[PDB]
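As structure tokens, one chain now follows by itself in the form deposited in one PDB entry.
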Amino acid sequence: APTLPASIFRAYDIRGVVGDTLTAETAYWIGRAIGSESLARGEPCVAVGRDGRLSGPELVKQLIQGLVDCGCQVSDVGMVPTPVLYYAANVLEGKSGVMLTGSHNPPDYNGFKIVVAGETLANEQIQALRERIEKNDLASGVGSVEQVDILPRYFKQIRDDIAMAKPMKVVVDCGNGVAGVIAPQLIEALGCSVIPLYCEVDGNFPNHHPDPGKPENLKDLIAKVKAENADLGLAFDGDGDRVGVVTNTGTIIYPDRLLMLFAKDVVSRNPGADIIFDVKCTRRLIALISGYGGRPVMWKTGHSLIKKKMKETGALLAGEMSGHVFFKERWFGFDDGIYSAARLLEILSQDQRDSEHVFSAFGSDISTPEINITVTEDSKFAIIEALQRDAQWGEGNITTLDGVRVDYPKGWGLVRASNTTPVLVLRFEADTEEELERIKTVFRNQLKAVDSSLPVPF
């Protein structure tokens, strides 16, 4: 084996630019590393899927050949959403699965999301794959390939379990990503009228990029929902493990508010169930889960990390601010925007109120938008650490799982380091304006105690 760039081996995935940091050869040796790791955990059987990127149909050939050259039995599910690959890794013979995807990123990117013997890899497990390649610590064998058509089965699984009470009219925006293969069709079959936006699978991404996380990528959805007097809008990211939600009046429903509703529902049938959310999610969600008789568990951001935490705690539901929603009740416990969409429509169809009122009934607190402060790559983590070390927070309940979150009786604030950019990311909330200013002040003062030069835009 040759020398691969370490920079493509990231915290919860592998991601690079095709023809650049990610070549055909690279993808082969990754298959080889993944195949050897799966065999070491006693799993020869591996499912493989591709998203709808331009480099997909050719580049998976190297991944599959990598796996085959280990002795693995590969089940090739073709072009499918990311959660449909996770699904195959749950219902097929093997518990290993590789998804060739570049998520919500620009066309030239691709990469791998990896499940080995039930375990979604992260951090050190991913570095171990690179290390296997470098060390030439690789299995050798004459493997196997089998074509598997899994989408009709996934489709039937969801349709059979979802019970919609009334018809709804829904705008669906796939952003020309791979969710277009199943989302509009599934939602139609649930008993809805679907208004398709950008559901043709096109790896050029000729319209907006399939990233519901940037509000500008939601404009067309909002305009269409309003103009068609639709009951809801849904936006999927490129690979389908993420969903964005807008109401009949075009209100963006952030994932923590979405979680409030799902938690009410899941906990109602499951007294005492654990429910996971990340450090960026509103305090109201803590209260709400507890009030309904569930056990709230705050965890780290990162799909691989939430999914691990779910197995460790038995949690029936998890979600995070980026829009990954993980159902275990009635499901398999992986993040799936398409299944979450269905679960949302099921609940909404059972309410006589419009979606705007279902979500607004949870009420509000005084909230800031997410605040970004560009720092440097050199100082990024050291500022968080200086805070974790020296900052004075008074009587706050301090969480240092991921940056520094402080929960006070009447509100909270968070500051964390961006993992991919030289940026500090902050959020604040409180039940009054006067309290929000007090918490902002506490964070402003503690940052200025670190570096009196830091630009604090609040």
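Numbering follows the first chain given and starts at 1. Whichever C-alpha set is largest while still superposing within 1.5 Å between the two forms counts as the rigid core. Compared with the form deposited in another entry:
Both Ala40 and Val181 are counted in one common rigid part of the motion between the two forms, based on the superposition that better accommodates each C-alpha. After fitting the larger rigid piece on its C-alpha atoms, the remaining smaller piece is found rotated by 9 degrees between the two forms.
Next, give the form deposited in another entry, keeping in mind that what was shown is the form deposited in one PDB entry.
A single chain, with no partners or molecules, comes next.
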């Protein structure tokens, strides 16, 4: 084994720039490492999937070989969305799966999301593979590969369990990512008319990057929805584990709003059920979950960390501000933008109101988008520690499971470190503009007390 760069081994996945920090050799050894760990957990069967990035076809061969060279039985499911790979690792013989994807990033990025024996790896488990390659703590065997055509199985699974009450007109924007393989087809099969936008799978991303979290990547969907008098706009990120929602009047629906609608529907069918959300989500979620008799669980940001939490709590649903939505009710508990789109359409089809009025019916508060402060990699965790240790917030409920969050009577604010970039991530919400500004001023002062050079942009 060679000496791989440590930067590519991250908190919830492995990611690198192909030809640079991610090469054919890197992919092979990563496959060796994942195969050895899956075999240590008693799992020789590993599903393997890839997204529609230019480097997919080449690099996936190396991943497959590394797993085969452990003695693993590989199920090659070809080019599929991320959640279709997570589904493979739920319905096939083995409970391990590797997805070769670079998510929503520039054409040249690629990487790995890993499930081993039911568990999606995070933090120390990702380092554990890095360390296997360093130590040559690797299995050796003569494995096998079989091709598995899994997409029709998935498609059918969703179609059979969803029941739309009326037809709808839906603009689907796949941003040329791998969602194009199934999203337009399936939504139409549920009973919709589908206006496609950027639905051809093209790893050059010649339109807008498939990242529905940036509002400018929704400009075209919004214009198309209005132009065509459509009922709803939907947008998927590169690999299909995130969705973004636009109303019939062009309103962008923040994922924590989307969760409110899902939470209302799931809890109403399952009294007492647990519902998970990350620390960036509106507080309205607590009240709405509790009101319908559910149990609101606030947790850490990060898909792998949310999946783990759902297994521990038995939550029937989870959601993140980033747009990852995890259904266990009627499903398997992994994030899936395409399945979530199907669940949204189902609910919407049953309402006599247009999508604008269905979502406007949850009212509003004053809130910020995500704010980002670029710090250093040396200092980012230290600042958060310093805030958690020594900051003074005034009267409020202080939550520290991921950064610092303080819920005041009339609003809330959050500061956490990003697990992927040398940045501090903030969000604020409030009943009033004045209160928003009161909270923002508290956070500004507290950050300035740690380091009076920090560029607080509010």
